[PDB]
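**Q** Chain by chain, the residues run as shown.
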Amino acid sequence: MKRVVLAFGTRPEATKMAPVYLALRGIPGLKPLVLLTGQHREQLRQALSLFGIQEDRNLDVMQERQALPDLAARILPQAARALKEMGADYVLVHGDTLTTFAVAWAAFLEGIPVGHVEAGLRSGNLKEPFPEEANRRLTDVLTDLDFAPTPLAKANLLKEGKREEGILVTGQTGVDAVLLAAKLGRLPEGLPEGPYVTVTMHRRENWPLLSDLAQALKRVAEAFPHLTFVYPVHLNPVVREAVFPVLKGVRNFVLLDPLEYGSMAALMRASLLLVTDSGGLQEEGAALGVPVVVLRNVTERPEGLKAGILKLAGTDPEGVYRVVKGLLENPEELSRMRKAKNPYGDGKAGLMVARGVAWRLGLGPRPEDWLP
Amino acid sequence: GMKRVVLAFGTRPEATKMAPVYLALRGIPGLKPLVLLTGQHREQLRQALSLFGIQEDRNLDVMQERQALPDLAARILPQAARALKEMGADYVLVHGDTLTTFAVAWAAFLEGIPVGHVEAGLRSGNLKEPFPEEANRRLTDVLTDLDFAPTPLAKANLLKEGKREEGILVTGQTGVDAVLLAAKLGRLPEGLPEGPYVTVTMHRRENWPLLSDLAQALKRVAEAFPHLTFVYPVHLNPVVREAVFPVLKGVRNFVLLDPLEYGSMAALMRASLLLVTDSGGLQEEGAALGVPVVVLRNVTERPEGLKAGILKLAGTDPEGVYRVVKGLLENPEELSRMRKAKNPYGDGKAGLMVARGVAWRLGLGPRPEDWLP
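Protein sequences appear in the order of chains A and B. Mapped onto the numbering used here, the consecutive letters of the first sequence carry residue numbers 1105 to 1476. Mapped onto the numbering used here, the consecutive letters of the second sequence carry residue numbers 18 to 390.
Pulled out of the complex, with its shape left as it was, chain A reads as follows:
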């Protein structure tokens, strides 16, 4: 039995790796194992529990901020020992954290092949993001197999000296993850009957406009009394103090505290539309086929704005009210959005990663690139 160790330390990483773990379990001759490398073991176990996954080993790390050189030095030796003791035949890492490179380097120094999930993304500037851009580039120098989420990612890797045979375009495992989480998660309790409209103004950008936006949300809720608007506020002093004094009295509105990945996925899934200012929650909406209205007017990947998935409602208070209201009064246009083709993946990226690993371990054939 070949052992494949997935090493990660944050909840976002855990959710993106869960589909990979699940697909590996379905391959004969392979056994997936999880090595936690972060802080907050309870939070990670909770995140993994949504998918019925428990870790196999945990590294010993400090619970607060540590100087980067000290963090790397603390992870390296531990990681090398953990990977050898776990009997790893292959190691999968994800993302661009310092911890991720340290684990990849430990594996390489121990002669264990490394696969990098969601690899190839580049800014072209080592000073931004710091030290993430360097972390991912360093990690890719050592990778046996790069799992690029897009054709562009593959192009980047090819310009850095990576061989085509060592690159597999898989699409985003995040797509697989949210689709599954939507089914596994449970809606917030106590919520009224639907239809629902999920609202989440997370971005710390619109600090001032936050109030005006809330005023617009109140008026749209009045324009749609037969619709329930669920809004999980970040219980932040600056945020709460700006939205609650405006929405608290709206019987049509439901204010909740931050939700967990599974619950938020289920809520979005059970919603007719998503109103947000977060790029992350916009991509999840795309995978779920849920229409999204971004409270912006530019920036980001026009991939989704390439018609379908999302639409911009600008920052203008009155403009937003009209954009959203116009949509909720146009459901059949919202139907055109839900049927939009997902440009981020087919929900089988996790399976492709697992098959790629099986191929490297001589257990199966090389899968073919995912095509948008």
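I should point out that these hints are in silico values taken from the structure, not numbers from a laboratory. Keep in mind that the hints are not guaranteed to be accurate.
Only pairs whose alpha carbons sit at most 30 Å apart, straight line, appear in this in silico BS3-like list of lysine-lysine [unchecked claim]: (1) A:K1231 - B:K343; (2) A:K1231 - B:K177; (3) B:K145 - A:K1258; (4) A:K1263 - B:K145; (5) B:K49 - A:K1231; (6) B:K236 - A:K1258; (7) B:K145 - A:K1135.
So these bits of chain A aren't anywhere near chain B, every CB distance computed over 10 Å [unchecked claim]: (8) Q1158; (9) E1159; (10) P1173; (11) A1177; (12) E1236; (13) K1263; (14) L1295; (15) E1404; (16) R1405; (17) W1474.
One side only, chain A facing chain B, incomplete, derived with CB under 8 Å [to be verified]: (18) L1172; (19) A1176; (20) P1181; (21) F1212; (22) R1241; (23) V1245; (24) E1264; (25) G1265; (26) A1411; (27) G1412.
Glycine residues also receive a C-beta, built at the ideal position from the N, C-alpha and C atoms.
Could you slot chain B onto chain A? The hints should help.
**A** Below, chain B alone, put in the same frame as chain A:
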């Protein structure tokens, strides 16, 4: 100067190639070079830097015992970051492909200090061979602000890894500068007869069994040139001495010495009309000094030298060696052409180019022009 440039290295070979850079930096207004030793033999490296008149400014704390790679890197990283920050480094220069070199470069990067990589770009194209050196150099170059490539080929390798043109400078080898410096600072062996001299060196293990025959050929050469003194620092290996001593001891114009130090040997070669050797390393040293070299081999371990006309092959047949060496010593024009041949490794000023490259990055001067082969 106001800006501080830390050169971090931990082995004698690295110190030798970095010395020319250190001295060139000391000559640039607004810059002050500093040395951070990163190896296991402080006193040993300390003495090596002595020849060049360089002292270290700080040393990392490294175990003497062998250690697993992950543990070594972990041991180096934190203290390196702290040392570079406490030394107030505005720029860091590293050399080589060791694990420590990458650990230092990563420490500098994490502290936000630009890093320059000397003699960068050489690749094997295989992460398994050499291990972990190929990985070490590729990792180091991901983080480098300026790569100083010894050759156009090295530059081509760097571009192939995503490095941008503006971030690469072809400098030639600082090793050339080092020999010239060592020759100038060194002193010839004591009590030598009045010159001219011919330096002789034979120690290629494969030539071992031919040493007696080759020594006899050299004895014939010495007898044919009574006015020249042949100086031969003989290696300590008893096998070598049993072969050469009985033949060359007692030869009037042959001087047999014990192995010389880097500087003393460079000085001897510089004072010689010709170098006779079977060593690739010494052949390259002769070329740095513009000293004609005759190689006692049937083929060269590098085509560059032969192509450049800096060396002549004499083969290993005794009669042939005599004919070639005697012929060359009686052909002043051929010897002259060899001394005037363009060195295919560097122009002896690679250190100055590296120094100017750093000054340019720090906004203290224009970008130097690339060395041309």
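**Q** Are the hints correct? Go through all of them and say.
**A** How the hints compare with the structure:
no.: 1; hint: A:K1231 - B:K343; verdict: 62 Å, violated
no.: 2; hint: A:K1231 - B:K177; verdict: 21 Å, holds
no.: 3; hint: B:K145 - A:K1258; verdict: 23 Å, holds
no.: 4; hint: A:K1263 - B:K145; verdict: 21 Å, holds
no.: 5; hint: B:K49 - A:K1231; verdict: 25 Å, holds
no.: 6; hint: B:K236 - A:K1258; verdict: 65 Å, violated
no.: 7; hint: B:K145 - A:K1135; verdict: 26 Å, holds
no.: 8; hint: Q1158; verdict: 27 Å, holds
no.: 9; hint: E1159; verdict: 21 Å, holds
no.: 10; hint: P1173; verdict: 4 Å, violated
no.: 11; hint: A1177; verdict: 4 Å, violated
no.: 12; hint: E1236; verdict: 12 Å, holds
no.: 13; hint: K1263; verdict: 5 Å, violated
no.: 14; hint: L1295; verdict: 47 Å, holds
no.: 15; hint: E1404; verdict: 25 Å, holds
no.: 16; hint: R1405; verdict: 22 Å, holds
no.: 17; hint: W1474; verdict: 24 Å, holds
no.: 18; hint: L1172; verdict: 5 Å, holds
no.: 19; hint: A1176; verdict: 6 Å, holds
no.: 20; hint: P1181; verdict: 5 Å, holds
no.: 21; hint: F1212; verdict: 6 Å, holds
no.: 22; hint: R1241; verdict: 5 Å, holds
no.: 23; hint: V1245; verdict: 5 Å, holds
no.: 24; hint: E1264; verdict: 4 Å, holds
no.: 25; hint: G1265; verdict: 4 Å, holds
no.: 26; hint: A1411; verdict: 33 Å, violated
no.: 27; hint: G1412; verdict: 34 Å, violated
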